[PDB]
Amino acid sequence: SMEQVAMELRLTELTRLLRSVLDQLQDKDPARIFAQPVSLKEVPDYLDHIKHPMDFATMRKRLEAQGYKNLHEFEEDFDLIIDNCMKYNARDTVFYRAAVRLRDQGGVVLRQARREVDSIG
């Protein structure tokens, strides 16, 4: 149907906008701390601590399959990156501190993304 096509075009357009958002957020992680999944070979107890691991590579795979239906879903995954790190790592670590800086800098990007998503529909 034409209605299904139109809904598909909207998903494609959201996907484009979320790719630009993802790029902007990942620039706020210049150390690449959050670029890839925590390795279970290197942190073998990780899944005893963290129930829903997340990272930028994993988000990028989901995005390229058009797997985010709305900005809320995308933000959920971004917040898991931050929130997982702030539980597993202590305050005095480079990991925790990187998460805080990514959260603070990313809030700005997400604030305007929400306006764009709402505005364009």
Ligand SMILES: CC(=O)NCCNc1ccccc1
Contents of the next structure:
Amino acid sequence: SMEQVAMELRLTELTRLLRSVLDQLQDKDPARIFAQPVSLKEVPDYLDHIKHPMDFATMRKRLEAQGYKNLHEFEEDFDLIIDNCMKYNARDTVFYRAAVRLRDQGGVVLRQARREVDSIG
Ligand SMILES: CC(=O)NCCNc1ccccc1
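What about the form solved in complex with the ligand, after the form deposited without the ligand?
The complete assembly is shown below, putting the previous chain first.
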């Protein structure tokens, strides 16, 4: 139907927009600490601690599969990355500190993204 095409045109642009947001967020992780899923070969006990793992590569896969219906779903996953890290790692680690910085620096980008998504509809 013409409707479903229109719906799919918007989803495509939401995806285009989120792709830009994603690059900007990941630019704030220069050490690439959150770039890939935590390896179970390197951290065997990880899933005993963290029930819903997340990282930028996994978000990107879901993104290109147009798996985010809105910004809120996208933000949930970004928050997972941060919150998981701040629990698994103690406060005085490079890991925890990287999460704090990514959260702080990401807030700017996500504040703008909300206003654009709302604006463009
Ligand atoms: C994002 C995160 O939680 N990173 C710290 C836990 N993962 C880890 C993996 C390999 C070597 C050392 C640590």
